[PDB]
Amino acid sequence: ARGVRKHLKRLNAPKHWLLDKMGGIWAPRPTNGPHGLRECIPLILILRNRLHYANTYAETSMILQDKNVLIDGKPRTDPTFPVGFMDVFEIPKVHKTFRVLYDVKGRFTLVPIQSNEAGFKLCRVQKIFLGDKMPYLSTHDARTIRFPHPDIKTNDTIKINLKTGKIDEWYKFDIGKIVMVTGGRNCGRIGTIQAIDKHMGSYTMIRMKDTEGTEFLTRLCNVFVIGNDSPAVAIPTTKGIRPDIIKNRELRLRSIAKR
Amino acid sequence: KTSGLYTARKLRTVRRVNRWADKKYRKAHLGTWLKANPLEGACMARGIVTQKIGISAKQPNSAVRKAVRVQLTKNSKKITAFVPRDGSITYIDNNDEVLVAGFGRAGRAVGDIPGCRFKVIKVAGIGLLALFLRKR
Amino acid sequence: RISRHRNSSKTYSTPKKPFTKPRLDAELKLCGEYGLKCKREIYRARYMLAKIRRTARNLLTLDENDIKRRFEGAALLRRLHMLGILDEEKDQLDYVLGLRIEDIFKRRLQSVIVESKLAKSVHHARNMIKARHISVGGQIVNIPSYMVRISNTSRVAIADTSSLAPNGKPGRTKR
Amino acid sequence: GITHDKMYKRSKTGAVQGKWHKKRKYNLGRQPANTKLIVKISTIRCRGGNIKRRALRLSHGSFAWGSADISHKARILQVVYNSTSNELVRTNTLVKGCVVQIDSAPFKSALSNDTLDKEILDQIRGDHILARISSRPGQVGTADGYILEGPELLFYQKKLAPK
Amino acid sequence: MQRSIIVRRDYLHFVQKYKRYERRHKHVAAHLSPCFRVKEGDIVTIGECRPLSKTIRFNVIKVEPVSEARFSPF
RNA sequence: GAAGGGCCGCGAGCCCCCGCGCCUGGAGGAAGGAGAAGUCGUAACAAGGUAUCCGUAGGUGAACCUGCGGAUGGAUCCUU
RNA sequence: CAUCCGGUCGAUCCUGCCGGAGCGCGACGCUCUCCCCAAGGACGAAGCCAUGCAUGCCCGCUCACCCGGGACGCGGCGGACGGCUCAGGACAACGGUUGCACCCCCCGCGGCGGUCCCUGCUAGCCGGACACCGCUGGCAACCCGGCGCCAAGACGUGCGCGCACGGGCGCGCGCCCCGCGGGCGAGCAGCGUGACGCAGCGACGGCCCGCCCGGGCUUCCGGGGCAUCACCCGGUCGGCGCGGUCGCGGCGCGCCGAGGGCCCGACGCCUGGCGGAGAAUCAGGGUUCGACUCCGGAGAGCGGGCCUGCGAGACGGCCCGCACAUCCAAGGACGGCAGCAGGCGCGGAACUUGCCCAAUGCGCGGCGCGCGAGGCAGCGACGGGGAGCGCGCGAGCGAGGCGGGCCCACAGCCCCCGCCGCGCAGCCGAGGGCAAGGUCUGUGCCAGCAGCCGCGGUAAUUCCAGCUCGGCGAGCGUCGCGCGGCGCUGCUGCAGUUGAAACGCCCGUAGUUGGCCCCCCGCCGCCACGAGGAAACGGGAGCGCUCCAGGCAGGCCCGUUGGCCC
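Which chain is which? The protein sequence lines are A, U, D, R and W, in order. Going from the first sequence to the numbering used here is simple: count from 1 and add 712. Going from the second sequence to the numbering used here is simple: count from 1 and add 92. At position 118 of the third sequence (counting the first as 1) the number is 117 in the numbering used here, and the numbers step up by one without a gap. Going from the fourth sequence to the numbering used here is simple: count from 1 and add 14. Going from the fifth sequence to the numbering used here is simple: count from 1 and add 490.
Since the hints were derived computationally from the structure, they do not count as laboratory data. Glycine included, each C-beta is placed from N, C-alpha and C at the ideal position. A few of these clues could be false.
Stated by the list, open to error - Chain A is faced by these chain D residues, among others (derived, beta-carbon under 7 Å):
#: 1; residue: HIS4
#: 2; residue: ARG68
#: 3; residue: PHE70
#: 4; residue: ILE149
To be verified - Simulated crosslink set (DSSO-like; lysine-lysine; CA at most 27 Å straight-line):
#: 5; chain 1: A; residue 1: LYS727; chain 2: D; residue 2: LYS67
#: 6; chain 1: W; residue 1: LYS516; chain 2: A; residue 2: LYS910
#: 7; chain 1: U; residue 1: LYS102; chain 2: W; residue 2: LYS507
#: 8; chain 1: W; residue 1: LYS507; chain 2: R; residue 2: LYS110
#: 9; chain 1: R; residue 1: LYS39; chain 2: A; residue 2: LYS718
#: 10; chain 1: U; residue 1: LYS116; chain 2: W; residue 2: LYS544
#: 11; chain 1: U; residue 1: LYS119; chain 2: W; residue 2: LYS544
#: 12; chain 1: W; residue 1: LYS516; chain 2: R; residue 2: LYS20
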């Protein structure tokens with residue numbers, strides 16, 4: 713269409729975002745950045761529509777321009793900033809610290825953390841590139857790191873210190889790793905890998921066993937290592953056990969009675 | 093009939109060729125009717141009445157059904173349309189705008205009016221029914 | 000316009016044959032008994048019952064305890080039980096079949112006020128609701144076909160500002 | 015308006031295709047810059063704004079002798095054997111794969127050297143060492159090539175043979 | 491053609507209204523490198539490649555020769 | 001390095017010539033269908049007063065008539 | 001969400017249509033007591049357009065007016081998105097599925113940052129100069145001429161790590177292959193070493209690499225009719241070398257072959273052809289429509305060509321031919337509503353030449369402007385929803401009216417108040433289908449009615465009135481269309497002795513179809529379940545918008561929701 717599409721329609725927006733059909737013909741277009749539009753939530757949704765700090769966009773802009781927002785140690789002044797998996801969302805004036813993890817409904821739920829919990833962002837190695845004569849690695853948030861420990865292979869786990877912009881810890885992707893799923897039918901689910909099938913050609917399919925017993929199979933890329941034999945991050949209360957439809961009705965029915 | 097797991101093409105071809113055999117499908121989907129219809133796909137059309145004429149009733153009924161010879165403006169095709177209701181031909185005058193709509197038989201003729209495919213509905217921009225009831 | 004986005008739907012189904020007299024007579028009885036202004040109100044409840052019974056027909060074919068059977072059976076029986084269209088004793092997918100236009104009409108609130116003696120006649124009851132003199136949980140309702148629920152049956156009562164020591168002046172008394 | 019679209023072409027069955035869109039700028043082609051050889055490198059702005067160098071007239075290039083590992087700039091004396099059009103040989107146009115006579119003077123010292131073959135050392139005396147251009151001057155803006163070595167030479171000597 | 495073959499693909503397409511399939515055919519142009527030897531009527535494997543001609547986007551990987559002399563879905 | 005000038009490239013438009021699809025004006029000819037009924041016979045239906053009918057050929061105001069080979073849907077399930 | 005009924009006869013049983021009966025979506029008639037929602041110049045005119053308006057923002061630089069605000073200018077960023085329409089286009093678009101070891105990309109985000117000599121350089125730091133402007137101007141207009149003053153994060157230069165460094169150019173694995181990587185299913189990358197070239201960018205240093213998003217092509221499958229179109233093509237089909245491109249490829253050009261496509265329908269022709277998600281109708285299997293709401297395509301009167309660009313073959317850019325215009329002072333200039341309003345033409349048909357950025361997003365700016373995107377009203381019986389025209393013998397309303405709140409960008413609307421208080425039905429019908437007069441007049445095969453069968457020729461169940469009565473109801477009738485009816489298109493599931501229809505016969509190629517037969521696998525088709533795939537919609541969980549059509553709300557709350565299915 714002669715160039716990039718700046719606007720984005722409300723109907724043509726991801727379902728993990730949860731826009732309302734009405735209220736606008738437009739939904740926020742996430743400006744290019746650490747996370748991709750399909751797999752990121754703009755900050756305006758997490759600020760005026762989920763923590764409900766601001767009423768409108770204009771309000772959100774003022775409290776974003778003021779350096780109060782803190783994503784990954786950076787001031788961040790734009791409302792449609794992309795936020796993504798394992799991105800620390802710290803709000804300091806309100807003194808609440810959270811990390812944006814996925815949820816068992818498949819949407820992204822802000823997971824409350826401590827000051828000690830904040831300061832580290834877990835990352836996934838996508839590719840190792842030898843450009844400019846130095847080895848670099850690829851993370852989902854577009855972070856690029858020169859001279860990796862040669863032991864790190866692929867689809868591995870990184871933990872940026874976020875203070876020196878260097879990896880702190882590395883988990884090797886193999887059978888036996890607590891993992892959360894960042895895409896697909898199986899999403900926001902923490903369980904541990906049972907098999908990684910190569911399928912020479914394309915699309916490696918890994919099968920993973922949840923704690924309770926649910927076995928679910930998804931693509932390799934959809935996986936995101938969360939730890940080794942321990943979660944290594946705060947697990948959202950449900951620890952991605954994943955409810956049956958009837959149990960979900962009963963959770964809603966019990967909740968309604970209490971209110 | 094053709095009965096093979098691999099005979100879908102023949103069965104599709106037979107339906108395509110045989111479907112046109114029913115007269116109503118041919119009227120609806122050939123496209124010859126759309127060119128021919130004095131009202132081309134329209135519910136109705138406006139025209140000027142050149143002559144007020146009466147068409148003798150087909151047997152066994154005996155009557156001078158009152159009709160108008162109207163030249164439809166959209167196609168410049170002259171046509172015959174019945175003026176409905178009792179003594180309502182009086183409202184029609186030659187050289188007067190009229191709106192002509194179908195007789196409900198989809199281009200066919202109804203009852204004893206021979207070769208009349210339409211009825212006037214509005215004369216001089218006023219509905220014929222309203223004039224007969226003296227509403228206007 | 001996001002106005003285009005708003006969904007609208009017909010809520011009633013008309014009869015396949017318009018002049019079946021046995022039915023036309025049976026309908027007249029329902030209208031006179033339930034004070035229904037038009038046959039459309041009789042058809043709207045027929046449509047509501049049809050869907051409700053079509054769903055329980057589909058559900059009954061599904062094998063017992065078929066996960067979706069358990070999930071959708073509850074939301075049918077339990078929402079009907081709240082509405083009160085079904086008496087709570089039955090509580091099984093077999094007896095949703097056997098409901099009638101009268102069962103829906105029974106909870107209309109025109110009937111509920113006549114049933115508890117608040118309104119002498121359905122014709123009087125419709126007149127009462129349109130003058131804002133009936134309340135459910137102290138809600139001044141202007142709707143004759145409110146479709147009141149089992150729990151909200153007890154709350155149905157005369158309005159605070161209409162007859163029991165209220166202003167009691169605007170209207171005939173004020174003159 | 016030169017274009018590299020497939021819309022203008024016929025189908026594999028020879029059926030005329032119908033034109034759905036008007037010419038696009040992304041599907042564009044440019045007038046060939048036949049590189050004349052003197053006996054200027056133009057800059058053009060491509061897609062992405064990348065600038066490709068187009069040599070229009072280029073005097074000399076970095077030719078090379080791989081077996082003897084000696085590579086020096088040399089002057090392009092004359093062009094022989096285009097292999098696509100005889101017209102290009104007599105207009106001295108410079109394309110990749112174009113046999114050319116480079117001046118033997120930069121490589122003159124190796125004449126004293128020996129054991130780097132014998133046929134190639136005979137060419138050193140004449141002023142005519144055969145060399146195929148290896149770089150598309152229209153796209154890369156340079157005419158760097160390689161001296162013909164071994165059987166390729168014998169084929170290109172037989173082609174150039176006085177008959 | 492010169493170092494190129496046309497591979498006939500035979501497959502069944504299922505028309506939904508008639509609960510029946512249709513035998514259907516598509517012809518794929520492939521590059522037959524001089525290494526393998528191909529005579530007409532022989533099964534070959536063709537792999538996708540950068541377009542190498544207007545019609546050739548596939549290159550023969552293997553030839554399974556058949557006997558000296560139907561519709562076969564491969 | 002401007003105006004310009006040349007050779008090619010891309011290519012509008014026009015000008016012929018050609019093909020294609022459509023849409024139309026026709027003196028005059030020839031149908032068909034509808035009106036209520038006129039004129040001339042009576043061809044078919046009762047063996048309809050020459051059983052009809054089919055193919056084909058010819059001839060007549062008109063239905064039609066006639067030859068030649070069929071058919072029975074005929075008026076014959078039947079007679080060394 | 002498995003239904004029929006009226007009509008050939010003197011009757012009958014059929015075939016078979018005709019007609020009804022249902023549901024949409026638009027036009028027309030007549031009529032609309034109030035509120036809530038909501039479609040709205042698409043329909044062989046992608047015809048033409050008066051006028052108004054739809055893209056600005058910014059301060060890098062600031063010696064007219066006003067103060068810290070700068071106007072104008074130059075500079076930057078955007079104007080390629082959005083809004084609009086469906087003309088073109090039928091192995092095309094478009095859908096699902098692959099690839100790019102054949103690729104381009106602004107922003108943002110994360111890395112990374114060494115910049116050759118040598119002459120002349122200033123690196124506490126370079127020029128000269130343009131616009132605005134001062135002067136002096138022509139021109140009907142449009143348009144702009146000179147001469148001087150003078151700034152930038154503008155312009156051009158430019159010192160700077162000979163592990164200096166862009167592009168491209170050489171030589172750098174194999175011993176039958178495959179069994180490690182910086183890596184890969186893949187010999188790909190990177191580097192070393194030759195030589196070329198001096199690419200960056202440096203006057204508020206940043207190239208470059210990545211990721212993202214958005215492309216460009218691409219693989220497989222699906223992707224209209226017409227045989228009164230049967231053969232077709234001739235860069236057409238392959239090879240090879242060059243060129244061109246962002247790259248790939250007959251993409252272009254030589255050269256060299258002779259292919260390539262087709263009754264499994266090629267090619268030709270035609271379309272009142274944008275496709276999909278979907279919409280209508282609706283046991284099932286289906287039929288029909290795919291203007292428009294989201295997604296992808298295409299286009300800006302009709303063709304071409306370009307420039308600027310990171311991206312446009314851009315038209316609220318330019319240039320040219322064409323077609324139709326406009327103003328003229330007669331020499332010139334200048335259009336482009338398939339943006340939102342509005343007119344004209346056309347048609348059966350389709351709204352205001354409002355108000356506004358307050359929301360929602362986007363552009364620019366970090367402390368706010370701009371937007372006919374939108375929002376808000378106005379018009380609006382496309383439609384959808386919910387209430388009225390009384391109840392009861394006594395009370396009352398709501399429709400109003402008028403003030404106040406509240407609401408709203410501002411009104412208003414709803415709603416809440418006090419205060420008075422004005423209820424009101426149409427449109428089709430009563431012989432049958434098909435519910436409801438064997439009433440009384442007029443009229444006498446007239447007038448008219450009647451989808452259909454039939455009524456009317458003097459005791460008219462059918463016309464014209466009155467009278468009653470039915471049906472639906474603020475709507476009802478009519479006309480056109482699609483579906484159902486319809487098993488009258490038949491895969492399920494039609495019929496062919498006589499109702500319509502077995503070719504006069506026989507051979508026969510494609511096509512279609514093939515006896516029985518091996519338990520054990522290889523490839524099929526097949527079937528089961530996987531992943532992975534936009535929402536809207538549809539189905540569906542919860543939730544009293546007063547009910548409701550709705551909407552995702554809400555309540556001190558599963559990580560309160562907003563599940564799940566397609």
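**Report entry** Hints breached by this structure
**Finding:** Per hint list: 2, 4, 6, 8, 10, 11 violated.
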